[PDB]
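Engineer: Single-letter residue listing:
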Amino acid sequence: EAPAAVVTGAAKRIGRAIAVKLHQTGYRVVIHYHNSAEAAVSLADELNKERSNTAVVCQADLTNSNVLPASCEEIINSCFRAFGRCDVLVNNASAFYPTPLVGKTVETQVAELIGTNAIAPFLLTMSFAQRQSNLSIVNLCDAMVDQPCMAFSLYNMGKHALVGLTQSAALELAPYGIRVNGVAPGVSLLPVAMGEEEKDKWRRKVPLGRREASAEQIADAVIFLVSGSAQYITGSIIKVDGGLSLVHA
Amino acid sequence: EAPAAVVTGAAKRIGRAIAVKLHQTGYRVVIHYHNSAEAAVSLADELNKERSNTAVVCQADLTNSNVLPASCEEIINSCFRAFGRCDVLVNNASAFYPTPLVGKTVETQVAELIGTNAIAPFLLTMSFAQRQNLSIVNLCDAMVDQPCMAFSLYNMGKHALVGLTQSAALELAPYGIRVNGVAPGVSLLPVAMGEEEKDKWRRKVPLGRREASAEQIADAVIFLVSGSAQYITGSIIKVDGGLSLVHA
Amino acid sequence: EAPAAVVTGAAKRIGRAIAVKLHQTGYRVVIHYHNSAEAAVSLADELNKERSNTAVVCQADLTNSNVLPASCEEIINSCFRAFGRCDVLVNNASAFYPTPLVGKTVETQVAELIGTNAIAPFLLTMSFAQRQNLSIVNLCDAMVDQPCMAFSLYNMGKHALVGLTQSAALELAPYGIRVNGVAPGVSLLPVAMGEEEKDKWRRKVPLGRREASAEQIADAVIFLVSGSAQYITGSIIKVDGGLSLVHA
Amino acid sequence: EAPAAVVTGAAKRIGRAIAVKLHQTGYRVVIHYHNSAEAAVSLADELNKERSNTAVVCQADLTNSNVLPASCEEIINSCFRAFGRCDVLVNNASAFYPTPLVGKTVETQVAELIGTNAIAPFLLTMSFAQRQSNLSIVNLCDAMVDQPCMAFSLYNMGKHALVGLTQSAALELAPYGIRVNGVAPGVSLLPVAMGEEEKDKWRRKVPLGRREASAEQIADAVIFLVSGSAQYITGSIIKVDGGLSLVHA
Ligand SMILES: NC(=O)c1ccc[n+]([C@@H]2O[C@H](COP(=O)([O-])OP(=O)(O)OC[C@H]3O[C@@H](n4cnc5c(N)ncnc54)[C@H](OP(=O)(O)O)[C@@H]3O)[C@@H](O)[C@H]2O)c1
Ligand SMILES: NC(=O)c1ccc[n+]([C@@H]2O[C@H](COP(=O)([O-])OP(=O)(O)OC[C@H]3O[C@@H](n4cnc5c(N)ncnc54)[C@H](OP(=O)(O)O)[C@@H]3O)[C@@H](O)[C@H]2O)c1
Ligand SMILES: NC(=O)c1ccc[n+]([C@@H]2O[C@H](COP(=O)([O-])OP(=O)(O)OC[C@H]3O[C@@H](n4cnc5c(N)ncnc54)[C@H](OP(=O)(O)O)[C@@H]3O)[C@@H](O)[C@H]2O)c1
Ligand SMILES: NC(=O)c1ccc[n+]([C@@H]2O[C@H](COP(=O)([O-])OP(=O)(O)OC[C@H]3O[C@@H](n4cnc5c(N)ncnc54)[C@H](OP(=O)(O)O)[C@@H]3O)[C@@H](O)[C@H]2O)c1
Ligand SMILES: Nc1nc(N)nc(N)n1
Ligand SMILES: Nc1nc(N)nc(N)n1
Ligand SMILES: Nc1nc(N)nc(N)n1
Ligand SMILES: Nc1nc(N)nc(N)n1
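Residue numbers (the entry's author numbering), protein chains in the order written: chain A, 2 to 103, 113 to 142, 152 to 268; chain C, 2 to 103, 113 to 142, 153 to 268; chain B, 2 to 103, 113 to 142, 153 to 268; chain D, 2 to 103, 113 to 142, 152 to 268.
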């Protein structure tokens with residue numbers, strides 16, 4: 002029987018690439034999304050046309066709040082409801098925008123940037139474990164955490180807390196046979212808002228090929244970590260960055 | 002005149018030691034507290050006996066909430082009001098307790123652990139910078165990569181605090197504000213910890229089989245705020261007697 | 002045409018499993034050995050029974066010395082002479098024994123421990139690049165920051181190997197040669213070791229309270245040389261079942 | 002009885018500043034040097050003019066070889082011979098030059123770069139410990164070890180091995196009360212051979228003041244680590260880089 006995976010923020014870009022690759026490997030998938038309903042449903046439709054009844058969507062805001070635990074509980078419940086099991090969780094959804102130190115309130119920015127990057131992964135990890152073979156969680160981290168974007172303090176804090184979660188959860192869940200790992204892109208799909216000149220500035224920094232990672236290349240590392248070829252790997256974060264993090268200023 | 006420092010959670014233990022050493026170095030000090038009013042005021046009394054009107058207290062809950070930004074703004078403001086300047090911020094206040102993955115609600119645990127260890131430091135940092153040998157020192161944790169079992173939220177908080185230290189060092193460098201950390205291993209053990217478990221921890225420490233005194237932790241803070249650290253920013257100084265080097 | 006790989010110290014244990022898994026994946030292999038001729042040849046004969054003319058052995062001492070550069074050039078040249086190409090280099094061979102600070115001379119210890127773990131990888135890297153999905157995989161150690169007591173030279177050698185992996189990744193990226201590491205925690209235990217001492221290590225590992233098989237270490241090498249890792253360079257994959265996360 | 006310190010490569014630049022500040026703090030000093038004899042003797046003259054019988058020179062090549070152990074033993078012995086004790090060892094001497102992967115032979119480049127940066131510190135640490152209060156060793160590391168200079172592999176390997184030595188020796192020597200720490204400069208005194216345009220490029224990269232560290236600012240972190248205010252600190256490396264290592268490519 003086929004295993005099942007939850008991928009958060011899976012309607013487009015890297016999340017979709019991960020969902021597609023998991024599906025192609027034989028997984029049934031929960032495509033979680035927040036605002037991108039049309040894109041989520043379109044993806045699910047495509048996957049179901051490939052194999053009937055192997056993809057569902059699940060909407061949730063992952064901003065921190067007093068109901069976020071219930072929302073995260075429900076995302077995991079959706080996978081059991083659809084598929085009768087949940088073997089893999091991929092924590093991909095992520096808010097990403099500057100929060101300079103010197113029209114959202116700061117409370118809102120904290121809730122979105124720390125909620126999506128750290129607290130939702132933590133809650134989803136609790137629910138995934140409590141509901142529980153090759154079980155694992157993969158956290159989408161960031162290879163540039165130690166050389167961060169200027170004025171992205173809250174985003175950086177969130178990704179650092181996600182490294183902490185990866186370690187803490189690997190240590191604590193190892194007795195239950197749940198592995199917990201991360202994949203840390205350097206530059207992959209650039210933001211849709213970014214102009215080509217700015218994109219090329221980033222591309223030219225990358226030693227290996229002077230180009231960003233494809234979404235599929237990030238997905239490849241995720242697929243590795245969930246596979247039987249990684250059955251002794253837990254608490255590891257695989258950088259997928261073409262050498263970018265090695266390049267001094 | 003004399004420089005001024007804000008120390009969060011300064012009533013007891015490591016915070017108190019840090020406040021005392023800054024004061025002894027010549028700083029005027031804002032002694033922040035949440036529940037420990039009596040201890041905070043007693044420290045203030047002691048420091049003001051030494052030099053009149055050089056210590057004040059400031060109460061605030063640092064749990065994450067809708068009012069946390071205003072609370073952090075007011076802590077920084079209290080330093081400007083008392084002393085007309087704020088040269089140093091020490092982010093020491095910290096909740097510490099287990100949050101297993103498998113009667114506080116989980117959202118309260120998130121608010122307290124991530125609030126005290128990360129979000130409050132962030133807001134205090136914003137307010138401190140907006141109001142401007154200026155520096156910030158964050159109390160980190162040498163065991164972040166080898167964490168206590170079932171302490172995931174605490175560990176996330178401390179990791180986020182490393183992130184803030186790096187991001188703020190980078191962004192505040194142009195303003196001449198240095199941002200560093202001190203990472204204790206085992207210092208003063210929890211009051212709740214039984215003496216047998218305390219001894220198990222002490223015996224793990226390569227350098228002297230004992231915990232760091234609060235004063236030993238404060239020494240590294242004093243270094244980091246001093247003119248001997250004027251080129252140091254984005255650095256976290258481990259003060260753990262080699263504990264983090266010891267394998268399982 | 003089938004690609005070709007050099008695996009150092011490939012006669013036994015992890016290097017043998019790497020060589021076998023590469024061979025199963027379709028590589029022709031140079032099985033480097035130092036003292037284990039019989040085991041090297043038996044592996045070669047086995048692989049060649051599977052597919053004719055797909056394995057050769059190559060003897061060399063990787064101790065540091067003024068002939069080490071030529072020995073390393075010769076190892077690489079052997080792969081070209083056998084197979085007309087060299088796609089993959091696996092730096093696996095490694096001396097490992099204590100060197101306390103307080113019958114081998116210290117300079118022999120330095121030559122063996124630094125030569126096998128660091129300088130030989132460096133020279134083999136040079137020769138591999140000069141001769142050019154090309155990649156190098158260095159066998160590192162998940163415990164370099166929490167090292168075995170009295171293994172300073174070994175630990176220095178493994179840290180230097182991390183430096184090599186990063187510096188070579190950076191410098192060889194323009195030629196399309198990726199350079200990565202795999203860092204075991206506890207894998208195959210020393211053959212010497214009593215089961216009672218073996219079990220002490222096994223019990224420290226969160227994930228399954230057992231050591232990694234050589235095949236599990238090999239699986240990570242196979243991933244890193246594969247098309248699924250085409251954008252990965254300068255990365256060290258820990259394969260340690262959580263061992264390195266466990267405090268003292 | 003004043004304490005005594007050995008500083009390697011102490012005739013010029015950073016090692017000189019360290020020797021001077023240690024002396025100002027009350028230490029007697031062995032000024033080790035290799036080629037800079039005039040400078041070494043001139044420094045020793047200055048220190049002794051300030052307090053008689055408080056400085057000696059010691060010449061030694063720290064290139065790796067079969068006689069490196071004896072040379073390192075001799076450096077430590079020189080401190081006991083002059084001062085009757087040896088409280089502090091500062092591993093500062095260092096070769097620094099590129100060694101591309103693609113007039114010195116490679117054997118020589120390995121010997122000089124790995125010898126000075128890693129093997130000499132190791133043998134000096136061994137001799138120091140065997141000859142044995153506030154005892155400590157301070158290793159001059161490099162903040163840029165993870166974002167290395169292009170084509171400096173052997174130098175980088177040497178500095179990484181020195182991080183390994185700092186940790187391993189801190190662990191093993193802790194029961195003897197000998198602390199082992201490091202100081203990791205980013206950009207400090209630039210190479211004498213470096214053109215001024217290049218020095219300025221480097222300076223512009225440093226967030227904290229857009230200037231390199233003085234030798235004195237590096238020395239300040241060394242004197243902190245040797246001092247009574249660092250008595251619980253062992254196995255720590257203090258970055259003194261003005262934020263340089265935080266800046267992405
Ligand atoms: N792209 C890169 O170069 C890069 C670099 C380093 C790290 N990463 C990491 O890799 C992962 C994927 O990157 P990406 O660029 O594909 O991500 P992204 O496009 O910026 O965001 C992925 C999804 O996150 C979801 N999301 C945002 N806010 C949310 C909220 N409040 N509640 C629930 N979901 C929310 C969105 O879902 P909806 O669209 O449905 O609203 C969005 O499609 C992220 O974790 C990212 O940090 C990416
Ligand atoms: N002690 C150690 O061995 C050790 C080890 C590693 C890291 N550290 C770090 O070093 C620092 C000092 O350690 P410590 O053991 O002295 O700390 P602590 O005693 O656990 O806590 C310090 C103070 O934090 C304040 N605090 C707690 N929750 C708060 C809240 N919601 N709002 C405002 N303040 C709150 C409390 O002030 P009130 O009493 O006034 O309520 C408390 O006295 C902490 O950052 C800690 O993480 C310590
Ligand atoms: N086993 C573990 O638990 C563990 C843990 C962490 C890291 N690792 C790393 O994983 C790798 C493989 O480990 P392993 O236990 O399989 O290694 P190993 O058995 O200790 O040694 C591998 C081979 O290295 C070769 N070697 C030793 N000295 C040499 C010299 N002077 N010149 C040439 N070759 C020499 C030997 O070849 P001959 O037999 O032909 O003489 C030996 O069979 C090593 O890099 C090791 O550090 C292993
Ligand atoms: N300068 C920087 O920006 C910077 C940046 C990162 C790290 N660091 C580290 O800080 C420390 C001091 O830096 P620095 O720039 O002052 O060093 P440096 O000037 O490049 O070297 C200092 C001394 O090392 C000695 N030395 C070189 N090769 C030797 C050998 N084979 N045997 C014995 N001694 C040898 C030389 O002594 P003689 O002149 O007597 O021959 C030289 O004066 C070094 O460990 C360095 O790697 C410095
Ligand atoms: N969420 C997110 N994170 C990063 N690092 N980059 C983009 N484009 N989105
Ligand atoms: N806040 C806090 N953090 C730690 N690590 N230890 C103690 N006792 N308190
Ligand atoms: N070479 C080697 N290295 C380690 N770490 N362990 C064993 N058994 N051998
Ligand atoms: N030995 C040495 N090392 C560095 N990093 N820089 C200079 N100038 N010298």
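Treat the hints as calculated values from the structure; they're not laboratory data.
Treat each hint with caution, since some may be false.
Simulated pairs of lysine to any residue, SDA-like, Cα-Cα distance not exceeding 20 Å [as the list claims (entries may be wrong)]:
1) A/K114 x C/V68
2) A/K224 x D/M169
3) C/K224 x B/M169
4) A/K218 x D/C168
5) D/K224 x A/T64
6) C/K218 x B/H267
7) A/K114 x A/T64
8) A/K13 x A/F97
9) C/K224 x C/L208
10) A/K114 x C/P70
11) A/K220 x D/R223
12) C/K114 x A/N67
13) A/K22 x B/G247
14) D/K224 x A/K13
15) B/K220 x C/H267
16) A/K224 x D/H35
Engineer: Taking the hints in turn, state whether each one holds.
Structural biologist: Outcome of the hint check:
As the CA atoms of A/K114 and C/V68 are separated by approximately 15 Å, the hinted pair is consistent with the 20 Å bound. As the CA atoms of A/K224 and D/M169 are separated by approximately 14 Å, the hinted pair is consistent with the 20 Å bound. Taking the CA atoms of C/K224 and B/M169, the gap is about 14 Å. The hint holds against a cut of 20 Å. Proposed proximity of A/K218 and D/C168 is contradicted: the alpha carbons are some 25 Å apart, above 20 Å.
Proximity of D/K224 to A/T64 is assessed by CA-CA distance (about 36 Å); at most 20 Å being required, the pair is judged violated. Restraint check for C/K218 and B/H267: the C-alpha separation of about 15 Å stays at or below 20 Å, so the hint holds. At most 20 Å may separate the alpha-carbon atoms for a hinted pair to count; A/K114 and A/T64 meet this at roughly 13 Å. Distance check on the hinted pair: A/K13 and A/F97 sit about 15 Å apart at the alpha-carbon level, within 20 Å; holds.
For the proposed pair C/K224 and C/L208, the alpha carbon gap of about 15 Å is at most 20 Å, so the pair holds. For a cut-off of 20 Å, the pair hint linking A/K114 to C/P70 stands: about 13 Å separates their Cα positions. Distance check on the hinted pair: A/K220 and D/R223 sit about 19 Å apart at the alpha-carbon level, within 20 Å; holds. For the suggested pair C/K114 and A/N67, the alpha carbons sit about 12 Å apart, so the restraint of at most 20 Å is met.
Restraint check for A/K22 and B/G247: the C-alpha separation of about 15 Å stays at or below 20 Å, so the hint holds. Between D/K224 and A/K13 the CA atoms are separated by roughly 37 Å; this puts the pair beyond 20 Å, and the hint is violated. Note on B/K220 and C/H267: the hinted pairing holds, with a Cα-Cα distance of about 13 Å set against a maximum of 20 Å. Annotation: proposed proximity of A/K224 to D/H35 is violated, straight-line Cα distance about 40 Å (limit 20 Å).
In terms of the numbered hints stated before, the structure departs from hints 4, 5, 14 and 16, listed from lowest to highest.
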